[PDB]
Amino acid sequence: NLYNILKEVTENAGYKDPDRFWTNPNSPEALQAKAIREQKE
Amino acid sequence: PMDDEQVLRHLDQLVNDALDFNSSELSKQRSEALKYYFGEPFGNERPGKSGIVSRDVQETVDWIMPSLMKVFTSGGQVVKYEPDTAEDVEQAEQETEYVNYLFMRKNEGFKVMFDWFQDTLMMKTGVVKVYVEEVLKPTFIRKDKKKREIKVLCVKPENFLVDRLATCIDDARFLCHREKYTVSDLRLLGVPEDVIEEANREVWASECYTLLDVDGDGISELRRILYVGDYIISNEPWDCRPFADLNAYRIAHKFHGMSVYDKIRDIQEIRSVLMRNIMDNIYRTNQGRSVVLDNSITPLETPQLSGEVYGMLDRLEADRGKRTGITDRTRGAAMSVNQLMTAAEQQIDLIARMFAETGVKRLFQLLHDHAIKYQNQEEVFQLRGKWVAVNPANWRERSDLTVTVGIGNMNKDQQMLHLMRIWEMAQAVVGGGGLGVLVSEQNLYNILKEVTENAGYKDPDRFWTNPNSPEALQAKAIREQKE
Amino acid sequence: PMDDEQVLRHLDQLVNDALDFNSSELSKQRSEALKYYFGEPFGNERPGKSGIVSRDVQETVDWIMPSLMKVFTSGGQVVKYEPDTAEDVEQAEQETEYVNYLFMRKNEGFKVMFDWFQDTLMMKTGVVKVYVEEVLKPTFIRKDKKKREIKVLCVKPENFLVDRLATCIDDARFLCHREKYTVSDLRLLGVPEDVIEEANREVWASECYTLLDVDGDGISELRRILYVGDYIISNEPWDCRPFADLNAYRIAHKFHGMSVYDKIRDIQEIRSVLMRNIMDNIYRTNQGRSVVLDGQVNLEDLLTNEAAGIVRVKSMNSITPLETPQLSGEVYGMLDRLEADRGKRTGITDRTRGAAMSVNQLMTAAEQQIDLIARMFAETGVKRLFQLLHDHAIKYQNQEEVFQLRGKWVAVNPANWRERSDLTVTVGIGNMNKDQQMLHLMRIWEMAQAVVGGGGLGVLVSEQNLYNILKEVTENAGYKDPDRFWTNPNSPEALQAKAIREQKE
Amino acid sequence: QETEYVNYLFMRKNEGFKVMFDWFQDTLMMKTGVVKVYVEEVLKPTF
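Protein chains in written order, with the UniProt record's numbering: chain H, 555 to 595; chain F, 9 to 148, 185 to 241, 278 to 374, 397 to 434, 445 to 595; chain A, 9 to 148, 185 to 241, 278 to 434, 445 to 595; chain Y, 102 to 148.
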């Protein structure tokens, strides 16, 4: 939801979906962008 | 049905009607516009007294045109095609650069659009003609054979007689365009004779776009008729009319457009008359009104004019602002965001939105003219390589919303807000999350990109792509995870 | 068809028409322009009173010119060719340097360009002539023979007779340019005789560019005719007309363009008339308006100006001295209003230059229209650049370039690319050096610190491209290639600087 | 999804905006802003 929090800014900046995709919900990125990267370091 | 000569006389009659009506009304209107702009005496200036005419609309044009050229003449990013998602890089931006790189740096740059603005604002209507020609000098290595070109020119809409019953570009049932096409063109066509009207025969020509029923059938196409002087014509099943017929204010349902002259003429008249009257009264006070006989003497004193009278001159200037360029001044925490909202929501940018929409039609016209057949030439579109654009997909839609008072975040504010917000946000990301964990170096590429393009260099100067490649294999794989 | 003499009379008739029309109209326009500019009295100034003309357009021209010299007299980056991508370093910038290094530092400098600017703004039509000559002084080592040159001169468009029905450079069917070409040139050509018009025969000459049919064929090319005095002419098939016909404002569909004079003449008139009226009224108040009669004050009070101060009526001092009305100082504020209008008309900065440092030098001194005029001037000069590029790509010489390095082949076989790009020169993308460089500097430095922190040194933009990154700074500092070489691309300096000096240590 | 469908068919596929501009005009000087919605078809198949 920091995703969505920065999103409201991004949409307010005129670019909603693609420019700051940022999604990282639960995905090949999120497995290494929310668990592998942080909990292993 | 089966009309080959009654079409000629019908076109002649329609030419006569367009002549009478368009000529009288619009010529008188645009002539009044020209007289007011050029600042000549209006005719009420009696001899022996100052014919002071203060040009007031000229500085207004000087005000509006530069903003117009920033918004238009700024890169080649005004009009995208907005296709479906997949087939954008294929042709949307590709054919976009094709048409614009043929439109900038290959079609006169902006000068014709400049005169188009002027024609809609002074001459009351901005309209141009798009047509084609050829290229020459082959190998006689240098194989320049049958190369086709498509190009546009101002028509001097006084040479664009048309029925008033259109109100839109795709509504003129009778498009009449006037030209000279003198003896050289006559010989090139092959006409052996002439008309009543020496290579300087100053002959005149007319082109007609009109749809009829000349085949004993249903609704036939438009027809292009080279009715010159009731002589050898060049008729053709005609598909697209290459014109744009601006109006300069996007006025209500009428074809010819109310000119910026039409609404600043009163202001100009008031200004010139007031200053002339005040200086005339100053002259009257200076010369003296003394009763002479044919020495009692009854010298009356001419009433002097208080100094407040010129405050309404400043008021008139503020109105001339607040009429259209509502910032009376040059530009009427938070740094006055977006340059004080693009200089206080300027109506000029609204007329710019309308103009961009008008030029959307022109872009589709040219995209047709080249997607039928133009040439096989590539693009210097940030890189080498482009196939023949005689078989693109027109997409039937041209997107130019990012140009005007709408979302339209302008570069000197778009880029500054972008850089500030993205930099603070991304540095917090690096501190808290990291680089590639959140929006990655591959999209930090695009993140820096927006700045790069806003700085004027789009693709090559800051390549930064590093997507998945020899630069990426050592730049996103081994440089960081093996160190 | 087979016209070798009727061409002469047709050209003479066109000369006469150009004379009458162009001379009358445009000469009167430029003459009134000069009368206003030089600040001499307009002719309405009666004797016995000050014909003071407050010069207003002169300082205006002084205002407009210097920016034009900044934008013009700035490096060799004014016009690029923009060819297909690969063939840029081959000829594009190479031939650009050739033509400009000949254009600048080898073609008179910009005094011709300055006078072009004046001619379009002051003499109302900026146009010049480009032609060729030869070189001399051989070994008589020193082999200097038959070298061909191309050079430009002001035409003094009073000596550039042309029909008004052109409105464009490639539309004049009759280009008549006037010169003197005195007895020396007559001898050099070889004409044995003279005309009506002692080596001071002050003979006058004319050159015509015009196309017709003289062969009984299709539309023939242009022809260059040395119609001098109905004497030996030098006719030739003609391909290029070397002129530019500026108009100072890119005016609408008319050839001769309205001048800066044509729009500041009113400002100057109003200013001078009002100030002269004010000072005349001040003089009237100072001298005093006292009604004198006949019989008494036979000496007319010595015009109320001598060093006596005695009325000396005779017997009566009734006297009706009316007080001359005073002029309030609020009119002086209208002088400031006039100055602001004179600015806001073209040089819309009322002052010398009317957090984020007022980005781009306050948007280039508040979106100055003078840069607009610069853009359309530069577009006009593109045509001149292509003309000279022709003149040298046909045949100029085999000489090299001093282009930041040694080496350049013969520029008599370039590819003209048919296009000259000068977009970055004006109000457009046009990121100007004193702002382009600074924004580039700040953005690169912040980008680079972030990249070093997160990405690294060569992982992102690398020392070869960080080299070009440093370059933009270098070129913006005025020294482009040689001062900061830094290239280090793949080379002996790259072998010990980008190959072995980091991974092995 | 349908919101984007209708708006994208409405902006950039129904002429963009201009109409409601006229709408405003139609109710500011023309005193009554009103427009008509109808249907048509498309042609040029594989031939």
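Calculated from the structure, these hints are not laboratory results.
Worth double-checking, as some hints may not be accurate.
Taking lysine to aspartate or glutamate and the EDC-like style, the derived pairs with C-alpha atoms no more than 16 Å apart in a straight line are [claimed, not checked]:
(1) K145(Y) to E301(F)
(2) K524(F) to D525(A)
(3) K43(F) to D342(A)
(4) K119(Y) to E469(F)
(5) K43(F) to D416(F)
(6) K145(Y) to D319(F)
(7) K114(Y) to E90(F)
(8) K570(H) to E301(F)
(9) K424(A) to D319(F)
(10) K114(Y) to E469(F)
(11) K224(F) to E278(F)
(12) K137(Y) to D127(Y)
(13) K145(Y) to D127(Y)
(14) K561(F) to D319(A)
(15) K114(Y) to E509(F)
(16) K145(F) to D571(A)
(17) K334(F) to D127(Y)
(18) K424(A) to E536(F)
(19) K114(F) to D92(A)
(20) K114(F) to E469(A)
(21) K224(F) to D215(A)
(22) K334(A) to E562(F)
(23) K561(A) to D573(F)
(24) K473(A) to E116(F)
(25) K424(A) to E419(F)
(26) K119(F) to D319(A)
(27) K594(F) to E595(H)
(28) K561(F) to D573(H)
(29) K114(F) to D342(A)
(30) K498(F) to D92(A)
(31) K334(F) to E105(Y)
(32) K114(Y) to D92(F)
(33) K145(F) to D342(A)
(34) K594(A) to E595(F)
(35) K114(F) to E90(A)
(36) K561(H) to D92(F)
(37) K57(F) to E301(A)
(38) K570(H) to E116(Y)
(39) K424(A) to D430(F)
(40) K473(F) to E105(Y)
Results for each hint:
1. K145(Y) to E301(F): Distance of about 15 Å is within 16 Å: holds.
2. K524(F) to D525(A): 12 Å, holds
3. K43(F) to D342(A): Measuring from Cα to Cα gives roughly 15 Å; hence the hint holds.
4. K119(Y) to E469(F): 9 Å, holds
5. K43(F) to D416(F): 24 Å, violated
6. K145(Y) to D319(F): 14 Å, holds
7. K114(Y) to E90(F): 11 Å, holds
8. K570(H) to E301(F): 45 Å, violated
9. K424(A) to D319(F): This hinted pair is violated, its Cα atoms lying about 47 Å apart.
10. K114(Y) to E469(F): Holds: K114(Y) and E469(F) sit about 12 Å apart, inside 16 Å.
11. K224(F) to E278(F): 15 Å, holds
12. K137(Y) to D127(Y): 13 Å, holds
13. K145(Y) to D127(Y): Roughly 36 Å separates the two Cα atoms, so the pair is violated.
14. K561(F) to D319(A): Violated, because 47 Å separates the two Cα atoms, which is more than 16 Å.
15. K114(Y) to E509(F): 7 Å, holds
16. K145(F) to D571(A): Distance of about 39 Å is beyond 16 Å: violated.
17. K334(F) to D127(Y): 13 Å, holds
18. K424(A) to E536(F): 40 Å, violated
19. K114(F) to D92(A): 14 Å, holds
20. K114(F) to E469(A): Distance ~12 Å between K114(F) and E469(A) Cα, so the pair holds.
21. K224(F) to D215(A): Holds - the C-alpha atoms of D215(A) and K224(F) are around 13 Å apart, at most 16 Å.
22. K334(A) to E562(F): 43 Å, violated
23. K561(A) to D573(F): Within the cut-off at roughly 11 Å; holds.
24. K473(A) to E116(F): 12 Å, holds
25. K424(A) to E419(F): 11 Å, holds
26. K119(F) to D319(A): 25 Å, violated
27. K594(F) to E595(H): Holds - the C-alpha atoms of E595(H) and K594(F) are around 14 Å apart, at most 16 Å.
28. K561(F) to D573(H): 11 Å, holds
29. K114(F) to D342(A): 33 Å, violated
30. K498(F) to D92(A): 11 Å, holds
31. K334(F) to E105(Y): Roughly 33 Å between the alpha carbons, so the hint for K334(F) and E105(Y) is violated.
32. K114(Y) to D92(F): 13 Å, holds
33. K145(F) to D342(A): Violated - the C-alpha atoms of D342(A) and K145(F) are around 44 Å apart, more than 16 Å.
34. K594(A) to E595(F): Since the Cα atoms of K594(A) and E595(F) sit roughly 14 Å apart, the hinted pair holds (cutoff 16 Å).
35. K114(F) to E90(A): With a Cα-Cα distance of about 11 Å, the restraint between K114(F) and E90(A) holds, given a limit of 16 Å.
36. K561(H) to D92(F): 24 Å, violated
37. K57(F) to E301(A): 54 Å, violated
38. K570(H) to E116(Y): 24 Å, violated
39. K424(A) to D430(F): 11 Å, holds
40. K473(F) to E105(Y): The hint is violated at about 24 Å.
In the structure shown, a violation is registered for the earlier hints numbered 5, 8, 9, 13, 14, 16, 18, 22, 26, 29, 31, 33, 36, 37, 38 and 40, in ascending order.
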